[PDB]
Amino acid sequence: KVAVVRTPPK
Amino acid sequence: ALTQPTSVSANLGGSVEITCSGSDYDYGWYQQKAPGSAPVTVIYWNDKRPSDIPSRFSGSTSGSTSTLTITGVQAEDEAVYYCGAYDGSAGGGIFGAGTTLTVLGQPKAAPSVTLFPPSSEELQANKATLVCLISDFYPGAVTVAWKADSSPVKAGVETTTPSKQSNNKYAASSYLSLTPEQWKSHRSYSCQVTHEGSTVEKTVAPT
Amino acid sequence: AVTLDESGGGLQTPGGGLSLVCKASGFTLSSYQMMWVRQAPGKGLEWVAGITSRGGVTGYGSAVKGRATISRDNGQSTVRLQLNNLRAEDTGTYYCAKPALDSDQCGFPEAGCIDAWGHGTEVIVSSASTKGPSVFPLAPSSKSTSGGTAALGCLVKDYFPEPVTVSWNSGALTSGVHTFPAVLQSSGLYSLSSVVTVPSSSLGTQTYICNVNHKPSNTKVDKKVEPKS
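Protein chains in written order, with the authors' numbering: chain A, 225 to 234; chain I, 3 to 9, 11 to 27, 31 to 39, 39A, 40 to 95, 95A to 95B, 96 to 106, 106A, 107 to 209; chain H, 1 to 52, 52A, 53 to 82, 82A to 82C, 83 to 100, 100A to 100J, 101 to 215.
Hints are not guaranteed to be accurate.
[Unchecked claim] EDC-like mimics (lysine to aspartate or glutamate), calculated; alpha carbons at most 20 Å apart, straight line:
(1) H:206 - I:83
(2) I:39 - H:46
(3) H:43 - I:83
(4) H:117 - I:138
(5) H:214 - I:124
(6) H:129 - I:203
(7) I:39 - H:108
(8) A:225 - H:144
(9) A:225 - H:98
(10) I:171 - I:83
(11) H:209 - I:124
(12) A:225 - H:100
(13) H:117 - I:124
(14) I:129 - H:144
Simulated from the structure, these hints should not be mistaken for laboratory data.
Hey, can you work out the whole structure from these sequences and the hints?
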């Protein structure tokens, strides 16, 4: 399963 | 928004289905026995059941509709079941309005009624309250009428909505506010409780 | 093992602000995205706010948008919800909620992924002042006794806000105790009653005291309940 939201990678 | 039915009924030992639609994401099912009490997850991520939840609870999402199934209903299953999911259009969490599960076959039970007159202490404070306590009744609907001698009481009545007790029967309270003068100027006051067409009346008198 | 413990509730100022704290234990808080859910009196569950595992992304329900701030402190194992410009519509029980799966799998707005709920904390948005109860005895009586059992009790009148707790004989008397849910009167004040059913033969010899605690007004009353006079 993949979370619909997370901190954008940067 | 999520759509789930207002109510559902199941016979003891039987099966029940509750559907929820409105999200294209994963559904969860949350049991609440009393408002304000912590919900209990019965199903999460469409069909996963937490370790402490019995096998009789199952979930199934087909297309964009979730179905919560309880196979072999027990009396403790009576609760409000909320469905939860992600709102893909707006971006936050969403819940359905809740489904009330009623377990059928519960026997009718007449109310017990206890009526108290005002205490000497309250009367000395220039107030008077008559207290009518109604308990152990099923189904959870009663009609309360108050009388001053044989006349109906028009004002000062405050009654609670019935609420389920720990024994699965209902309780309610009715309070009649009077002046000390009104209390002392009648031979008696009565609290009359009607349940399924039968009435239980209690009377009190100034002393 | 997993516990979510909310604090910071109670009576709040209309137009003012509140700060709720969820203390998480029995799991590593930093491995999870977290959310807050609320329930208004006589209503259903409503999603309030959510936060990613390191606070990089936040989200809010439409009813609180622009008035709410969700934050977290993984080091202290806490999630915090601030809400300002409080309105009557904010009254309700607020729950801290944990997703079943880690931050890679369940996002903060995935309300279908919840496995753990907090006990909840009550929020009352009102400018009405706290008021302690007037406690009156409900004397046992002869033309109100039933076969060697008698009912006696305590009337807990005119308090605000909820809750009140009632015990009998300092918690020693539990059997046959029935504390009824409160009525909310037209005045905006609550009243409740607690009754205990005891042997009729005990009335002349056994002392009965109801212990009424109203933490919002810092009041406790222990009222002796004697046969009618």
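Hint compliance check: list the failing hint numbers for this structure, sorted ascending.
Numbers 1, 4, 8 - these are the hints that the structure violates, sorted from lowest upward.
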